[PDB]
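> Take the given structure of chain A and dock chains B, C, D, E and F with the ligands to it, following the hints.
Each chain is listed here by its residues.
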Amino acid sequence: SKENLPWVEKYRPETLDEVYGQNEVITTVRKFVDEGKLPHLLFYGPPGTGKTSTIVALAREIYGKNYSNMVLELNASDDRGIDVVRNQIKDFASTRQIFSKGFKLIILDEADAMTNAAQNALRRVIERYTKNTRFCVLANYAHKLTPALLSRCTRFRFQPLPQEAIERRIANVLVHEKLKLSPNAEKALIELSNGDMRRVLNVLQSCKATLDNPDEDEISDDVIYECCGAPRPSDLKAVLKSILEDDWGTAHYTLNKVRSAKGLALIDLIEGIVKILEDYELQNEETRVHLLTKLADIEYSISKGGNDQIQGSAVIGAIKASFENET
Amino acid sequence: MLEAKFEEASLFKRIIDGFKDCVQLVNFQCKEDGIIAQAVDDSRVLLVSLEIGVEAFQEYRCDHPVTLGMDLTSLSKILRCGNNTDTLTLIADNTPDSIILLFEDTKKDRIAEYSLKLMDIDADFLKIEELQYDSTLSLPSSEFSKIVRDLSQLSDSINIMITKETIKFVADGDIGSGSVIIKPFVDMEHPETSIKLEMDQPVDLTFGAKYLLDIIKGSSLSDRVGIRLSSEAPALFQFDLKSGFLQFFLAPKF
Amino acid sequence: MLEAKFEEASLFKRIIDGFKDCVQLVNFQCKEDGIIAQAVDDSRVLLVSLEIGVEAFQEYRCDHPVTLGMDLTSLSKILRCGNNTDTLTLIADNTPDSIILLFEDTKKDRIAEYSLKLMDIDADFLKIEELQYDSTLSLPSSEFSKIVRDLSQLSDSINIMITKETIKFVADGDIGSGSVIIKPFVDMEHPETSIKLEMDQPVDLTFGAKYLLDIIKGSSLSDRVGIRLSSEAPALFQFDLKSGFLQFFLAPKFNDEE
Amino acid sequence: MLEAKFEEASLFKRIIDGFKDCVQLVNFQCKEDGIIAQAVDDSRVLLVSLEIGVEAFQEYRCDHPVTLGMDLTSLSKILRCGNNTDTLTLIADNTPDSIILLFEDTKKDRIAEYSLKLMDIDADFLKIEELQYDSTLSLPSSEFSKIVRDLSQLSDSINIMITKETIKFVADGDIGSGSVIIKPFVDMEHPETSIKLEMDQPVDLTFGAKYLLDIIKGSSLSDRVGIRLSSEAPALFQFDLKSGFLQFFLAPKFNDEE
Amino acid sequence: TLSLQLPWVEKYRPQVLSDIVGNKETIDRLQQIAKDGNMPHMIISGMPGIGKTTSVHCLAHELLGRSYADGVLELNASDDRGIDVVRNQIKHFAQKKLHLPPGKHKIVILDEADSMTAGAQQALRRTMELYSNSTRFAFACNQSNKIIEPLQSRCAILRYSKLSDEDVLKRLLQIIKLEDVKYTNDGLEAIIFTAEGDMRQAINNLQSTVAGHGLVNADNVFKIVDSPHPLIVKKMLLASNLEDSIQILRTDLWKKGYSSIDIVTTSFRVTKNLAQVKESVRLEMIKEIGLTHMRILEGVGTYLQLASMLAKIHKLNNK
Amino acid sequence: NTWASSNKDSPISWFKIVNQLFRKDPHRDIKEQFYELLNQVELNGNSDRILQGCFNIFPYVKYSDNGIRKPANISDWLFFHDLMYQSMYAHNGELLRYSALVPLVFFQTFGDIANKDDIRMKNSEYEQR
Ligand SMILES: Nc1ncnc2c1ncn2[C@@H]1O[C@H](COP(=O)(O)OP(=O)(O)OP(O)(O)=S)[C@@H](O)[C@H]1O
Ligand SMILES: Nc1ncnc2c1ncn2[C@@H]1O[C@H](COP(=O)(O)OP(=O)(O)OP(O)(O)=S)[C@@H](O)[C@H]1O
Ligand SMILES: [Mg+2]
Ligand SMILES: [Mg+2]
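Residue numbers (full-length UniProt numbering), protein chains in the order written: chain A, 9 to 335; chain B, 1 to 254; chain C, 1 to 258; chain D, 1 to 258; chain E, 4 to 322; chain F, 386 to 514.
In isolation and in its complexed conformation, chain A is listed as follows:
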């Protein structure tokens, strides 16, 4: 049953009308398929944008419910070498369908992990067998693909999910589940997503589990922040104010009590302070240079461990010394 799959897998789009966020590419692909001219596609974009769902729904709309048989889907989980290409992909492209009549579809998902020799062998397979089969390459990084292979396909960039589409999907999930969500809670949820539907679905399931109730109540900002462990804008701005204006010992005490009262992480506070200070209209860019350099150094040091108190004091001192040049 579908009630056992996680929310990321349960709510996977099955038709092209359930893929939100991407409109300019979805309409163009629908027109390509209706008019017949479907070229070799290259879906490039960040994780969680809906490239795999888009191509799966496309193959479903093209071949019907028997998609799992008329399409050759290869990914990084499967062995994709040069010999694998030579045998499997060439035998698939050269032959025809065993279930119906029509062009074939080869979905090379996550093809950014393929060997250079494999791409060099495939770039002539795409150019030779082009009247009976098509190629779809999904990628997160366009630098791992050879320029020859990159030039044979039409590139579609999957933009991050905007506010309207992610709110539409959230409303769809809140309709499918016996769940209510606060408006400010929804805004905070959209803020900690960066256009990643996977994160939204995961944390929505997690905060529904956090409710502890038969779901007769609502999900507020407190639930989201306590479940995702993300700092609140209130505590963020309080720490920033105490760092910018208050005394050194008082700033240290404030940072300690804020990061220990809710168990917040220093890296999340660093990213939040970076995001907040990005809107600050500042004087001569030397302060911004020092701030960015020191904050990136502290983040790279945190990414390897160390003393949290020493790193917090380093953040405080870096912000203070950077702002001391603004006078």
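Hint data in this document are derived by calculation from the structure and do not stem from the laboratory. Yeah, the Cβ is synthetic: ideal placement off N, Cα and C, and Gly gets one too. Among the hints, erroneous ones may be present.
Selected chain E positions facing chain F (in silico; Cβ < 7 Å) [what the hints assert, rightly or not]:
1. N148
2. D222
3. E282
4. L300
Sample of chain D residues lacking proximity to chain B, with all beta carbon distances greater than 12 Å (derived) [what the hints assert, rightly or not]:
5. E59
6. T67
7. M70
8. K77
9. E104
10. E129
11. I175
12. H190
Then chains B, C, D, E and F with the ligands, alone, in the frame of chain A:
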């Protein structure tokens, strides 16, 4: 439930030898009229299809069909305990997580029992067999194996061409070309060596030698092989069993 | 000195086949009552112990014991010249630097002679055999080989469990589990196929399948295999020879110990 | 043109088995008195030379000699279709780009026909055979194979030494040394097992074991093997056919020369 | 839907050497060679999508006439091209007997010659040397340095260059005339700008824009194909003030879904190929970019690292 | 004197590139020389051997010396190269593009018009290893 006892474990071992290597996953289904099994290779050019009727067993009981999928390699790994003469019983409940293979010698003596883990495969049996094929022919399977083994050395493609009263296998590659031409004939001195051919339309198809090589394994199950060809569908190579058959459907080249 | 002539080079070749692969160094010692040999694998979980009495030879002369160590691989490399039917004579002086293997055909015709370099090994023969084992059983060795070959595919550990009138071999791993259950029985139609069992105490030990696989080789030396198990010591698998025996002592896995 | 029909495809298959592995390119030439073929290995220490007279065939027609070169590997790849009992006909025009091998069963039934691509090789047949050799000997080829297979294990060099009424093969390497000594003898109970030796001068030559191993393959063509040795030239190992022979000329090692 | 139509790159693939709008010198050279015959061994190198494979295909077709099927041996990177293939199949084709006109020769086309192993390339030397009177070799590669010097010594070297604006514009105008498409000057200009001398990519973008919107206009071309990525990165690095570069990185690159790895790597390329600033400042900017590249490869790839990289580059440019 | 066919199909011996990295031509733009040298270092694919060559040669090269700081700046690059080379065995070789930049720092820092003679070199490191 599944409860099928083979008189000789050898029959099942040879049947599985046929799926061996060319496919990884097999989907079995037992029911009131017997057992069927289907396996498709990754490139989807070969389908291996089995049918064993109730009469092929020494004991068969089924009051509730069971479908079960498994890794072919795991199965063959376990399929060398039959002593060939051992008795083999396939056993499974109505909602199995495993398949039990039970080998026993006549006397109570030695009992080898296995519990193979199953894989979940979306049930989707194909029914691609045709009513009529362009041409139909049968010949000794050992002869077909030799024909395939000859030509294979020359190319990765072996062409089968059929015209009135003529069957011609051809391979042409780097070192040169080869051909084997056979003609229909009835041998009364023993008709299991005859070569029959019924042609409704001349055919000319090419197959990947690597696949024909997988298919010839069926020789171990039957003296003769039936080959049905069509320009409209995958070719059918069939090896008859006592109450049953092992079929290989192979898609022609371009 | 060493002077031992085997009627058929084949017997010695099969004996060495038993040490083969599972051990690298073998320490032989000839004496007045015959020849013995011991080899222990690197992990020290397997001991291969041989005894060939004077009567197993066509000619044996010993007025002064000689101990000699050698590389098993070197020995087997040379042990395929026996034609099986050739006569084999092992020869060595009292303070040898080498061991001479002399293969001769009945007629004077062809004489293949080898001079194998010896290794110096500290003489330290083990005497780990027990007076009484918890349980003792014998069965056809080809049957034991099949039992081991079956289960081996399933796991790196094969458990042997003994209860009154019941012997059960079990393996359980990734693909699933398997078991072979045998029962004691006397076959008068030919008792070399019988399965005997004497149990003083139920036993349940686990062994590393890789080692049992090395041990089954003894089938080529005897129709039956004797298995003696104890919770106090290494298990003993024994293959009798005419005047002699080849023994394999295998330490049970502690939980992870071959 | 070339038109040679072998009664049994098996004869040709065994002949080619002899060139197999040790040489890559073979130069055939058919003519009025039969077919000859020569192949030299890359290091030029071994020459394989064949002669098949007209009488070895069931049908042979030649009104115009044809020389043709080919890759040995390609030929053997195709040389397993003979069913051994099949009939084999070699066919080629006077200026061929290919060689046709035609295998047919007695009945019209099955006809396997091959068209092998030829290689252009500068015609340069060698005629290195000597009038007289220092020593000449023949013995069963299976015996010669065993002698070679024994010694090969010990060294990459096998020495052949001949003195009055004595033939001695010797190998000496890392693990030790070995020798096989044979003596001339006439067995009337069946003279195909006799060992003849005619010595005009004692000889002592060393050959690379890898090459002698290639040569022993001829056992499948003849019961006996003739070995002719000289200190002035390559040794000749010969396997007679009904109307023909397969010869292997092997250069002695200088000290290091196969 | 039941079947698709052939793309314009394959449908309008040139079949005669006159239809090629590539480098005029080499095109007329190959045309005169096909007219007179005696085609020598050749190696055509260049960049993807400029008319290298089509050029050699047209040359072989025009030179062999109807004997193209039995006189041309095509081997791509999709087929095995190891030592065994060169030893057996290529040698059998070169030794094959074939009656040809007294001005033609058998052609062995080897696509993607830069991917052949060293053993095969070494074996091909005598293979092409002993049969240079009845078999000719034409290699098509992107990097001539990947082919060994002994092989390059036995053949001519044809280096194909980028296609200027005029040639691609003329080819696109010919395609539009042959297809009756509604277009505009700014749309074709945007297409050529996003093509970057890539004729295949230009025709592909044109066909995609036609099948997606019908009218080839700059707005449609820009909405269906993003601007040349390297150009926005160059404008970001060449910014004079820190806030402008930060806003560019935020809006154009980060808010549109461009991964940090692509941004930093595109950044490295732009710098390496930069010519506006001096050598030392370019090396310092490359050093800072490469330190950011290091941090990113370790999984610390975020917007803060790129912001710090830009800040360090500006500090270097801050005298 | 045979070298025409070499100029026609063969690259620049890594030794010749090392000697070119220490040479400045007074008659050509420094930027054009830098891009020509970058292309030669990239085409060779053996940036490590070129750098090891530069490391063995730089103490024997004539370079206007103020306090031998130039060597101190180059120790930091060389350390950057060693970190990059260690990371090539841990990570997919995207970092290989930056390996050609480290040899070019020698051209910027130690390239002089005085360096007209070719310094021959050896492999002390293989012997030391
Ligand atoms: N545009 C979208 N509309 C609706 N749900 C979406 C959308 N994008 C992602 N999702 C959800 O996120 C899940 C994962 O989507 P995927 O297509 O697998 O992500 P992706 O774009 O392929 O990125 P990868 O797989 O990490 S490279 C889907 O099953 C949906 O539940
Ligand atoms: N000069 C040209 N004139 C017309 N069309 C061209 C030209 N160059 C390329 N094309 C088009 O681009 C398609 C592919 O060209 P190719 O020759 O395969 O590219 P390439 O130059 O070989 O680069 P590769 O194959 O990626 S190494 C052709 O089928 C044409 O449609
Ligand atoms: Mg995906
Ligand atoms: Mg190309």
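> For each hint, tell me whether it holds in the structure or not.
Going through the hints against the structure:
no.: 1; hint: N148; in the structure: holds (5 Å)
no.: 2; hint: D222; in the structure: violated (35 Å)
no.: 3; hint: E282; in the structure: holds (5 Å)
no.: 4; hint: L300; in the structure: holds (5 Å)
no.: 5; hint: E59; in the structure: holds (21 Å)
no.: 6; hint: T67; in the structure: holds (19 Å)
no.: 7; hint: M70; in the structure: violated (9 Å)
no.: 8; hint: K77; in the structure: violated (5 Å)
no.: 9; hint: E104; in the structure: violated (10 Å)
no.: 10; hint: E129; in the structure: holds (33 Å)
no.: 11; hint: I175; in the structure: holds (37 Å)
no.: 12; hint: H190; in the structure: holds (37 Å)
In this structure, the earlier hints numbered 2, 7, 8 and 9 are contradicted, and the remaining ones agree with it.
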